[PDB]
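Selected chains from the complex are presented in situ; the others are not included.
Labels run A and B following the written order; every chain starts at residue 1.
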Amino acid sequence: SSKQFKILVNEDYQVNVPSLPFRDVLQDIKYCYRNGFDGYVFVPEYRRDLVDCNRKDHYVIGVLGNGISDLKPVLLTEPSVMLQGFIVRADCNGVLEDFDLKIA
Amino acid sequence: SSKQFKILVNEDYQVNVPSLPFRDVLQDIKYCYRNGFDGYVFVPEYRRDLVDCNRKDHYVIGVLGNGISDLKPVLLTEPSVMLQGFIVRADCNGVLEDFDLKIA
């Protein structure tokens, strides 16, 4: 029903990340659910000002919900109180942490 | 390293809940990690207004962190940006949801 992943958590580094059309992010979420999140970092919602992006009308991976989190494409302006953070393509340093995630 | 639990999520009902000395909540967390959370509900932090308690100076079970969550005694006024919600003893209804938790 869900899967555990190790993901690098970025709470310190300003990053400029790629965004993609909705259907592309759906596909990349499915890829990462199968293969893991190497090449991505998790930015907690409370550090969202670390994330810059050139096409903010396009999407990044969102992590949403209570408990085991759902993954779905979101804008960086996503205002839901259930937003945990974003999983974005970046090569900065951080702290590897354990997540438990499912596809929305 | 962690354990999955099904916990009733309460986002609708006001609950008056017991708080306890810090050391007692530590023991209650261990018991619940072993035996499950029947009779408790998870109240997300954005609905902290739902939760009231007798002893402002005593603690409830806090759910903290990014990813798989840590369990630790917290005050109901805990301001940490890492606070996900509370697990409190209450008899109200809710929605059963999956959690992945570890002892802090």
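As a convention for this text, a contact is a pair of C-beta atoms (placed from the backbone, for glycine too) under 8 Å apart; a residue touches a chain by one contact, two chains touch by 3 or more.
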Full count of same-sequence chains in the assembly - 2 placed in this view: 4
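Going forward, only the chains that are shown with their structure count from here on.
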Centre-of-Cα separation between chain B and chain A, whole angstrom: 25
Residues on chain A engaged by chain B in the complex (per definition of touch): 1-2, 4, 7, 9, 42, 44, 46, 66-68, 81-82, 84-85, 97-100
